[PDB]
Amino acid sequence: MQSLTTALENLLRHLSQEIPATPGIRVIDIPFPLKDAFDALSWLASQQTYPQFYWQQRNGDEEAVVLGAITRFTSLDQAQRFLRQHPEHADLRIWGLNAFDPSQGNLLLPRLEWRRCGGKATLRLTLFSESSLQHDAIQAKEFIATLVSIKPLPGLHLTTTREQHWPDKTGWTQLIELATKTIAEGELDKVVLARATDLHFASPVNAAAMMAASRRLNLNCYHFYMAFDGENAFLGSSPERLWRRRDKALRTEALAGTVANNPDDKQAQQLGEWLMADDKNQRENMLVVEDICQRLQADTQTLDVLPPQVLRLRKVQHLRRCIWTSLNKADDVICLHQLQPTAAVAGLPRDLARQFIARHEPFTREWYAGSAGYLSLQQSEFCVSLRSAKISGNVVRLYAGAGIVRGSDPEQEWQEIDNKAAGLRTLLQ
């Protein structure tokens, strides 16, 4: 941590310059020599300050670790409202989560943000005050004094005390056959229903270590980690983008139609070339794109759907179609509310599917199948909070969902949710 130390000392130097004792906002960016890679995650997990948020874009070129909440926001709308009051810092990012219910978020304007774009990094310090910048400069000084040296990530422990499913196997069929009853009757066709698996461990589970474990195995995935406090965290490694906005340029995608992966290149690629020719999944995928274009059309100019591709991940492969377009207004609250929850995580039609989930699910999804990422005026990117876990002390809660459709069948969809959960379960068991 000679890079960090040096950066911290440049920052303390800046904070010792005259700062005006008037309301305002300052952004201090210190260049971060990236002669080696920096284990931003290990650094974050060494700190006793909360909240912490860690995020890496799925391609591996963009990474951030942010610490300490100058201000918290309970929705993305309230976040964007704050940013619009400061248009002179167009690149000022707010970081965190949106819940499965998108009117609810946990987002922060961080004290400190280390951010790498591929080859370059910046340690950014911000000051903000309704009253005195000089005052908050004092806080920043104290917050720096608070930071400790990078310690080795702690270990994962593998001793299990219990294993609960919500719903269990019988409750799953109880619910599945209810859902097909309901499909039988009305105009609902697809409903995505979830399971929670609670893993109870004899020791408290270190969430950053779990995250570090996931990053090694779960390639080509967004990695996201929020430490709300010392006892509670939510994290995941999702292959799915909700949206990316650069100015008004928007990218989203219809990621639906699942097979299992196999480690041999040929058998996985036969399992995939199959997926691309299966009329049916291609139909299911196409109903997802239609729904996305529908949801988008009144707020965008031309929508371009790209050719299908198979996305090979660790335990599981997906059919995806990307959809690019331009937004009429550079607005993140529109992207959020138009795109979440996805047709891939609620089902179809939108209202009816959400209403079934609301009516009937035996546990709250909370942050599962919301989104994670950041927004600034200039750009934003959120992933869907899939392949994720909620960590509370000694309990780890894994989430995975399946799209019930008519012929479904309990046990097959259950097996599918096992495979989706696998990408995380295998790090712990």
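The term rigid core refers to the maximal set of C-alpha atoms that superpose within 1.5 Å between the two forms. Positions refer to the first chain, counted from 1. First, how it differs from the form deposited in another entry.
- For the residues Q270, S103, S131, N232, superposed on the rigid core between these two forms, a C-alpha shift of 2 angstroms or more shows up only at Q270.
- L8: CA moves less than 2 Å between these two forms after rigid-core fitting.
- Core-aligned CA deviation for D418 between these two forms: 2 Å or greater.
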Second form
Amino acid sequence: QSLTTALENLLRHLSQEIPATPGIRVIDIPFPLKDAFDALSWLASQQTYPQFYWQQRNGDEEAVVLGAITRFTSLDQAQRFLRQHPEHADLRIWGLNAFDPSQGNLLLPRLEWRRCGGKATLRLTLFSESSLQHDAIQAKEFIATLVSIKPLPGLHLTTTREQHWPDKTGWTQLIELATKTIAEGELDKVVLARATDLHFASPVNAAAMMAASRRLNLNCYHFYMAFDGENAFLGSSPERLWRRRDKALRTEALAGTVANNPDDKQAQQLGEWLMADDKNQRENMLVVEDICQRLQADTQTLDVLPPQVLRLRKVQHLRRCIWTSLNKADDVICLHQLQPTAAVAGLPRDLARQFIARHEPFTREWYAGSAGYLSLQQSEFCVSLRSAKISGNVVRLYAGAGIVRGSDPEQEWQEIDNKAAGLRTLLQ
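Other form of same protein, the form deposited in another entry, not the form deposited in one PDB entry:
Below: the lone chain, stripped of partners and molecules.
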């Protein structure tokens, strides 16, 4: 109903002048938040088929995009385009960067609904290499294809078949191989993952899994990409890759973990053991020093903030925030200096990555990549952790583990079932 009114308003802008000439128009319609608007299930209800949902971890900034005017296969390519339209420094491109940051799947959205705290805007962009007028007609057709909000079911779902990429033995050998390699010297840490394929009787409603995940994981970023009706990648991640506002850059070392506890007093106590334990404290510093080296050339002075414990559902994390000024506002420098995270790849990055490439018995794809948005004036991406790939009736779950000098196979298999269980519950 607040949507109905905003769409009618879009149709009036589409009915006015509009020249038959190349260019760009951005039509911003105020979207009143007297609220009732579940953007997620509005988006899931639609039948046009690149779809993207994103909410930043504080819960105050939230977007849904529908339809692609242009698709981008990399963030580098996305930025090159945005640089041609400085007159729209808030034109956002949404989506994913693969684990390999040089591959992406990002879109210039036809329709963007965005909320900041208490204000929302419904955004239609017109874009044409020859005729805005004729683009406007396609936008009208697109609007008429919009469908009413249908309620988002819960998930029953029992498993037809499960398959681990590394099963127990493969994992053992992999870990042994990883310890032996670090024992030779050279590298120091390798984050190895295991994919878990859950086959189901009928297709999996990906959006409904996103809604489940969002409800479970407070203080996380939420991201959901529907590539088409049968394929999606989604998750809920506590971790920020970067945030850029003009030249001001924020990133973080989130490494070192203890259990959370409901009794929010053992949770404080457990956090004050984390804060003081040497092993976890060092692990965190090695990550900050890695981030710092990875961006000293492109940056002024780096301020490392006092460490805090970030309390989540099952787990609590050592976080040390890193703030700085970029020599220039450039998101491919952020992406390529920060992605593969030490937390996600390992030791010397390239040695860790070569190892992952050769011996990890599956492709990570979007997992442990990046999700968010960019514009000239600002960007934010989270690390695509705690995530799943859906394909028809197959859900692939991902869980990684840091491997070092002394790591033990059995132990680390256990740590990985623990992470994977988090995702498994979203399917009941």
